[PDB]
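Read the single chain below, which is given as structure tokens and is the form deposited without the named molecule.
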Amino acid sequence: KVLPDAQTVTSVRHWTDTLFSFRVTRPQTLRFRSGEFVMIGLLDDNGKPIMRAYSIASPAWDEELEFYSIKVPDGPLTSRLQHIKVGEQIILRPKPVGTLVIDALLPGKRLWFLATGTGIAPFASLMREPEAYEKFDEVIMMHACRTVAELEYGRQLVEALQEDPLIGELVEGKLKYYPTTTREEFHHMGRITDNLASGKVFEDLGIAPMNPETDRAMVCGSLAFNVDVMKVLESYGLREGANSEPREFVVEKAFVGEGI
């Protein structure tokens, strides 16, 4: 059974028939930076581990670890994981890594989180990271999904941040949220690549145009989504970097392959 690096589910919350979030106890010695991912999983029928990469959806200070997950019909992990219940366990490898970290960027004045689908997961972490509002004056969350229902987890998160009297102040008109659908009717629509290139996002939010001097960005989507967004960023004069030589943006795959 689930014994290796076992942690315990403390809460579960379903959002759509393809999306759910959950939280589990944190390993005692685990330390990470907001944005990083880890390996989790469950045993298959024969007792073999089914391991998968997951961004930690909670910020570094949170006492429990949060995850925002797809539900793949017939997906080896999530076909099983979607039916997880409080009190049940999961395997968790306490080896955080990744390049969606503030340290992997040149310091600047504005920070952009550019995501689609479950790619908002590392930004559910980072948007709740103190350092994000310390090192930057403005934090822009662009989230693009096909439907209004897929935006809800993210929408509730940002609502909680903007309303809470304490955080609401600490995040003093710094956090800007721009959700869009690409298929379903919604007050705000369009692909991140198009809304960034056209300059429409700037008019809607009422913000200064993208500037390589000051703007820094993180991209988390399908490989296809990362490619297109890289181009638009580079058109603005921003260059890809990392911990080795930090520049103005970083990208990570929300998953491998084509996507649900």
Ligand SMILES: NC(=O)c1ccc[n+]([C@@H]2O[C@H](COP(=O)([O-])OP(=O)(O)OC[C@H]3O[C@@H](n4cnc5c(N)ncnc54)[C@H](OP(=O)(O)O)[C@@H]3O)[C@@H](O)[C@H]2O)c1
Contents of the next structure:
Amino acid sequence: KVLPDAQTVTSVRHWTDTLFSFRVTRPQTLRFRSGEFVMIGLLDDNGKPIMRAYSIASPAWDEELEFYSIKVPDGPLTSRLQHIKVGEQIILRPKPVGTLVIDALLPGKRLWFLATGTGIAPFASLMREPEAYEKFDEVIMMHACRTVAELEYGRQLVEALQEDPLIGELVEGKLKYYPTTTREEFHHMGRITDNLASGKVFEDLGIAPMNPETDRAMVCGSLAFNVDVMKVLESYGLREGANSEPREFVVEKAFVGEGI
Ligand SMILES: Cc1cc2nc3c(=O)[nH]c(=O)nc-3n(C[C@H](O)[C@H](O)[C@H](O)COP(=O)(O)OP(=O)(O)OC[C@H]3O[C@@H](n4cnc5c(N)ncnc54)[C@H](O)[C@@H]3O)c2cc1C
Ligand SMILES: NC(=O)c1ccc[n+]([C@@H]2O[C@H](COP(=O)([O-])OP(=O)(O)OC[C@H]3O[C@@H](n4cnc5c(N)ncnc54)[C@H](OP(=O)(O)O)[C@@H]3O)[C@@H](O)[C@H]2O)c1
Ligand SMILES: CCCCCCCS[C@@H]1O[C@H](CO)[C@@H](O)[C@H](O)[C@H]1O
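Show the same protein again, this time as the form solved in complex with the named molecule rather than the form deposited without the named molecule.
First the chain shown before, then all remaining chains and molecules of the complex.
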């Protein structure tokens, strides 16, 4: 007996006791755009498919798929998914959707990535999307978590990109990674909303206050984070709007609920 739409696991890398990433074989049928998400899952006691929405953390051009996942004890899926091993499989619906796609935007000089927690996942994909560096001139990556260890997955991803011999210094003065913690001490602190309103992120990167003038950003955090951020965006003059139609910015829930 086989598992419908089952992909094999090629690697697992634990980052903290609540965060882990892993890569799987790509369904020979999958065709997507960096930033979209799909459904993945495992089987429970009776053999029931527990499905959950997951951003594809790897760029569209990758032959393998990568996922960055939260680990919730009691979580039906993650309490299970966190134990996945190389060779083991998972279910993966090859139906890619999501509003976090570059097409949903259109302008040019800036493409901001504003995320918190695992909401970095889609940007781990987009930050490695060639289109982001062609249809746009500068990519800002704002990631805010509670502690430094939660920044690790995205910080090592960013370090590798820049330190890479060729692709590095190619994302030279294109990508600007602005990580922040809100609990642990870290050279750059403060929440994304606050640092945008107060303008710190501007006099920090030595740039021009995010104006609705052909700018652009994608938001991915909790619901409270999305509304807060959206408000702050318009506070400058940006307007929502998704998949296939000119707009100022897009958002997506990094998860449903209040978060752990
Ligand atoms: C558009 C979309 C994209 C998503 N992409 C990802 C992804 O990239 N990686 C990922 O781990 N999850 C992602 N999520 C959340 C995911 O779908 C599941 O909720 C997650 O896999 C946990 O499932 P669970 O069954 O173990 O616990 P759940 O029963 O689903 O939730 C239990 C509680 O844990 C909290 N929680 C769940 N997920 C998170 C999280 N990611 N960060 C902080 N708290 C959380 C919430 O409080 C939730 O109510 C996404 C959700 C949506 C709606
Ligand atoms: N004092 C307490 O006893 C206490 C406090 C918090 C949580 N808890 C337990 O922790 C649980 C969940 O809390 P948590 O640890 O996940 O904290 P959290 O508020 O969910 O933190 C997640 C991240 O998102 C940021 N954030 C939250 N709202 C935001 C907004 N509207 N705009 C921009 N950024 C925003 C946070 O910044 P900030 O860090 O600045 O908030 C933090 O970096 C609660 O259910 C509770 O049971 C207890
Ligand atoms: C048309 C724009 C092309 C710009 C290049 C996009 C990344 S391409 C990517 O690069 C990796 C480098 O480590 C290789 O390992 C991998 O096989 C290759 O597909």
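Numbering follows the first chain given and starts at 1. Take the two forms, superpose them, and find the largest set of C-alpha atoms that agree within 1.5 Å; that set is the rigid core.
Once the rigid core is used as the reference frame, the Cα position of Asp17 differs between these two forms by less than 2 Å. Here the rigid core is superposed, and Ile56 then shows its C-alpha moved by 0.1 angstrom between these two forms. Superposing the rigid core and comparing between these two forms gives a CA shift of 4.6 Å at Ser244.
Core fit done between these two forms; CA of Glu169 shifted by 3.3 Å.
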